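Peer 1: Residue strings, one per chain:
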Amino acid sequence: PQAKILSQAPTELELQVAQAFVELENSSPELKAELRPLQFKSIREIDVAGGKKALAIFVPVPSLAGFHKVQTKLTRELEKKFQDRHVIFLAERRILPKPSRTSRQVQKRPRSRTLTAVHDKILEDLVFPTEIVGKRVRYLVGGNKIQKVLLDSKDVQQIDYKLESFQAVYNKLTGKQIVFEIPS
Amino acid sequence: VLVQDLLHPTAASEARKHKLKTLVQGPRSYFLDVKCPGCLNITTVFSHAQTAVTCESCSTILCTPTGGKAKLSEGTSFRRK
Amino acid sequence: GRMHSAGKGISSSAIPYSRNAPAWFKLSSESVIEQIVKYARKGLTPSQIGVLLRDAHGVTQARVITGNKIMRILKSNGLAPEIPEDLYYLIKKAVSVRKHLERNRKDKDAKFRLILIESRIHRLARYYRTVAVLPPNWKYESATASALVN
Amino acid sequence: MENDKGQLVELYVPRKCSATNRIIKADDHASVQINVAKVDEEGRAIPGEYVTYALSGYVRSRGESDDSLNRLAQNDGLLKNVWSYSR
Amino acid sequence: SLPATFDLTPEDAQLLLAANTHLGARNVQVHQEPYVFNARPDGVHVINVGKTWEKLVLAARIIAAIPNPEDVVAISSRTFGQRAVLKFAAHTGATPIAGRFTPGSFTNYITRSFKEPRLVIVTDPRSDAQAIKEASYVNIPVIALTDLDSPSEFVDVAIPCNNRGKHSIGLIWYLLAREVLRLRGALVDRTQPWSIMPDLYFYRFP
Amino acid sequence: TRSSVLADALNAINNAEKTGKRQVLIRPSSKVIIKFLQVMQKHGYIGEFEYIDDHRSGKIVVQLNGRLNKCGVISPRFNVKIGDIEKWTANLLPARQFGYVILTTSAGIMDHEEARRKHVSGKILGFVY
RNA sequence: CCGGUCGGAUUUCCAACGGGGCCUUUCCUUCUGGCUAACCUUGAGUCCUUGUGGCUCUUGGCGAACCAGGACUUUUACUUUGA
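Residue numbers (the deposited numbering), protein chains in the order written: chain H, 4 to 187; chain b, 2 to 82; chain N, 2 to 151; chain V, 1 to 87; chain A, 2 to 207; chain W, 2 to 130.
Check the hints yourself; a few may be wrong.
[To be verified] Derived pair list, reagent style SDA-like, types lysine to any residue, alpha-carbon separation capped at 20 Å: (1) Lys18(b) <-> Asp55(W); (2) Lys16(V) <-> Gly45(W); (3) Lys44(H) <-> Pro63(H); (4) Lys20(b) <-> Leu26(W); (5) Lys138(H) <-> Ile11(N); (6) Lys32(W) <-> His71(H); (7) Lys22(W) <-> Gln74(V); (8) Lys32(W) <-> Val144(H); (9) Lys27(N) <-> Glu134(H); (10) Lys148(H) <-> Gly45(W); (11) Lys71(W) <-> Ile23(V); (12) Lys19(W) <-> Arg62(V); (13) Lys27(N) <-> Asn147(H); (14) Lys20(b) <-> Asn92(W); (15) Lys157(H) <-> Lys18(b); (16) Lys52(A) <-> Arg62(V); (17) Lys32(W) <-> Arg114(H); (18) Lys38(V) <-> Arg84(A); (19) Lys72(b) <-> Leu53(N); (20) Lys70(N) <-> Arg114(H); (21) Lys39(N) <-> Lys18(b); (22) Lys22(W) <-> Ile24(V); (23) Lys20(b) <-> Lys39(N); (24) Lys22(W) <-> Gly77(V); (25) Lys27(N) <-> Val73(H); (26) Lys43(N) <-> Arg81(b); (27) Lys19(W) <-> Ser61(V).
Derived by calculation from the structure, the hints in this document are not laboratory data.
Model the full assembly from the supplied sequences, consistent with the hints where possible.
Peer 2: Here it is in structure tokens:
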């Protein structure tokens, strides 16, 4: 209940959300089985432009499909539990470097560990459960370059108030700029 | 014309171009939820489907294939996807 | 622009944009990966499988709903044919014109539509030999026309 | 163009077009230049003030002149709702 | 930058739809496709009248911006216009041209008919292009009364009309002639209607 | 059939700036198209551009000012030494004080003044004025 | 910029233009020896406010410069500088 949900991570600020995890768990008798066997790796906190903060959960990789079946109806439970926050659900990928010409030969890296193959996934989980329908990258005159993410138009009322916070976490993790844009 | 916004084309003209030659291409087909009077069960079906399908239980013909789009049979109802 | 012709048309399917399942799919990968092998035992190509799967059970692409392609699934379960499928169809087409020739001899025309069909087989066979899915002594011949499939 | 000391040493700098930024030389004898009249609060016209447009020789010959007027004028608030970017 | 007194009067457009001037020809060309509102199921296309007035005040903002009011020239060669040009040029001061244009009259100063204008206003540039083509040699801007079968080469600000009816050719001169005087200060108030009957500008033969 | 992608990604530009348009549409994009474009953009010859992607190889939509006379490509990419830039530059360019020829060089794709003060050389790629 | 003057200093700051360096999920891939400076280990000499202070003495952990054995590691084309 306390050292369960983590994996070698003693820090109180997620121990309380572990405490928050079991408090919704035991009050959910029809769910406490399927809310049980999950875990998460770590967590981090960052501030947004709405005068408040946000949360990013780090989950071990193959448990992503496990989290997504319950992803909706636990999200706002912490939002009413803890205030002025925004909880984000991210996986935890791994990026091998690129072998230079004069380098000692190791096993050849599969494509799923390449730097441009993590970041395009690290958008897609972050905007769950709505879908991306197209992208554009814009090349300015002053040598700077920002992108643009066309989202879908169905469930966006769940997420539309978080789009400023989304630009914070993606800027912090990468160093890139994103303007979300929902056509009709 | 000499000046035109190529990146935000009008939806009224995109409907007329060829399947390939729009901005980002895609299908113009869909899927139907057809029902038979007898078995009263559902079966998804392609629109331009080229094999004459039948229900799994009520072994009765459903959609004759020809040309470019399949023609449905009579005495049946349908609904998009 | 049509090798061994002079036509210039363009008409294929146009693959949709999303690399995910549609929201109107209500099944599992396990409950669909076995209908592929359930028709492989009926002796079907990949080509007949997918069109039968799409027009009946609504799977748009096995590529996206299961993690693999069709032939990869069939190779893992040992249901794979020996000769690759496209090459086999040029062979079967090549005998039907050959069988016509034992009954016809005053056709100067369709003599010179067989040297075209045979020419596309050496093109196919160089590639399959080089990537090594055919053993490097595979050769086609008129005697091996009436030998390996016939 | 100007020398080491600093003074301009052309003969005289020529007029750029306004629809396509070309350059209009001394034998472009279809190079129209057009003024319109500013307006008054009562609804009259000032006799001395203008807004000036210069159109090249070849945006007129192809026939692309009037649309290039409507594009150019509407940025300066002369018209409203007669030209549209997303065609 | 033009106040609400310059907006379209509901009384004004009552004339235009009465005058049947919102019926284009049955074959658009590729340059005038912004001017078409919608096609009728009969086969005709309906001009956008709110566009044909918005590009009507613009021409008068060019005609009023000239020093000498005898440097405008207005031309027709069809029968249907060559009264309306005269009463236009009557009480404005332009130098009208009716009937036949003689060739080489904007070049070749040894003719007696030699002129050196500042604008040119044509009606039907299909069957009138001699004045169009010669003005291309000597830096003369031009204004036309364009149909939807109108070769719009060399032609700047272009009033969309119906060049088939008889009222509709005349009326556009009249509303142009009404508006050019208001800008000069020769009238008093925008909101008062014009004292002259607009049927004066028409054409009639026994 | 389609052999060089860059060679007709610059043939699409000046073919639709001789007619005085303002924007063009390129297809397919490339990693060496974009960097050729990014050196005609830090010198002012073109405006800005956008990259579509459609999961195959994207298109590009470029915005042209008024300032290009010609941009081009040199098709065997030969091997420029370092004493031989100034014979390539006395032949391709209209005058001695403007225009550029750009190179693929072991420290990136750059123009020919920028390669002088870094003291490198490489293979030729094209020109712009 | 500053000259400050019985053209050369620049106290001193600015624009560019090229170069290092670290940190960001991320570059030589290491090993054993000496080996030299360097942090430190049992701990003071050394001399400065008195020191397990370093400097450096003593045992002891090391990275750290150099020689020597290695130890293994796809291969070219082109271009830069040298003999």
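Peer 1: Determine for every hint whether it applies to the structure shown.
Peer 2: Each hint, compared with the structure:
Restraint check: the Cα-Cα separation between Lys18(b) and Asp55(W) comes to about 17 Å, which is no more than 20 Å; the hinted pair holds. A threshold of 20 Å between alpha carbons decides the hint, and for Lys16(V) with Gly45(W) the separation of about 17 Å falls inside it, so the pair holds. Proposed proximity of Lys44(H) and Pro63(H) is supported: the alpha carbons are some 6 Å apart, at most 20 Å. Annotation: proposed proximity of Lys20(b) to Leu26(W) holds, straight-line Cα distance about 18 Å (limit 20 Å).
A C-alpha spacing of about 27 Å is found between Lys138(H) and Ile11(N), which places the hinted pair above 20 Å, so the restraint is violated. Taken as a hint, the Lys32(W) and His71(H) pair is broken in the structure, with Cα atoms around 36 Å apart against an allowance of 20 Å. Between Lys22(W) and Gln74(V) the alpha-carbon distance is near 19 Å, which keeps this suggested pair within the 20 Å criterion. For the proposed pair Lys32(W) and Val144(H), the alpha carbon gap of about 19 Å is at most 20 Å, so the pair holds.
Between the alpha carbons of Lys27(N) and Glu134(H) the distance comes to roughly 18 Å, so the proposed pair stays at or under 20 Å and holds. Only pairs whose Cα atoms come within 20 Å are accepted, and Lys148(H) paired with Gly45(W) is accepted, the gap being roughly 17 Å. As the CA atoms of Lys71(W) and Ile23(V) are separated by approximately 16 Å, the hinted pair is consistent with the 20 Å bound. For the proposed pair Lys19(W) and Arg62(V), the alpha carbon gap of about 13 Å is at most 20 Å, so the pair holds.
Taking the CA atoms of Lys27(N) and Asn147(H), the gap is about 45 Å. The hint is violated against a cut of 20 Å. Distance hint between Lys20(b) and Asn92(W) is unfulfilled; the C-alpha atoms sit about 46 Å from each other, more than 20 Å. About 27 Å separates the Cα atoms of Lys157(H) and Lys18(b), which puts this hinted pair outside 20 Å; it is violated. Between the alpha carbons of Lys52(A) and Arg62(V) the distance comes to roughly 23 Å, so the proposed pair goes past 20 Å and is violated.
Taking the CA atoms of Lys32(W) and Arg114(H), the gap is near 18 Å; set against the 20 Å cutoff, the hint holds. Pair hint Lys38(V) plus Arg84(A) does not hold up; C-alpha atoms about 31 Å apart against a cutoff of 20 Å. A distance of roughly 18 Å separates the Cα atoms of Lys72(b) and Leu53(N); the hinted pair therefore holds under the 20 Å criterion. At most 20 Å may separate the alpha-carbon atoms for a hinted pair to count; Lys70(N) and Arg114(H) meet this at roughly 18 Å.
Between the alpha carbons of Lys39(N) and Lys18(b) the distance comes to roughly 41 Å, so the proposed pair goes past 20 Å and is violated. Restraint check for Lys22(W) and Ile24(V): the C-alpha separation of about 17 Å stays at or below 20 Å, so the hint holds. Taking the CA atoms of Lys20(b) and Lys39(N), the gap is about 35 Å. The hint is violated against a cut of 20 Å. The straight-line distance between the Cα atoms of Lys22(W) and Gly77(V) is roughly 23 Å, outside the 20 Å bound, and the hint therefore fails.
Between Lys27(N) and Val73(H) the CA atoms are separated by roughly 17 Å; this keeps the pair inside 20 Å, and the hint holds. Among the hinted pairs, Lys43(N) with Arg81(b) is inconsistent with the structure: their alpha-carbon atoms are about 32 Å apart, more than 20 Å. As the CA atoms of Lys19(W) and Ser61(V) are separated by approximately 14 Å, the hinted pair is consistent with the 20 Å bound.
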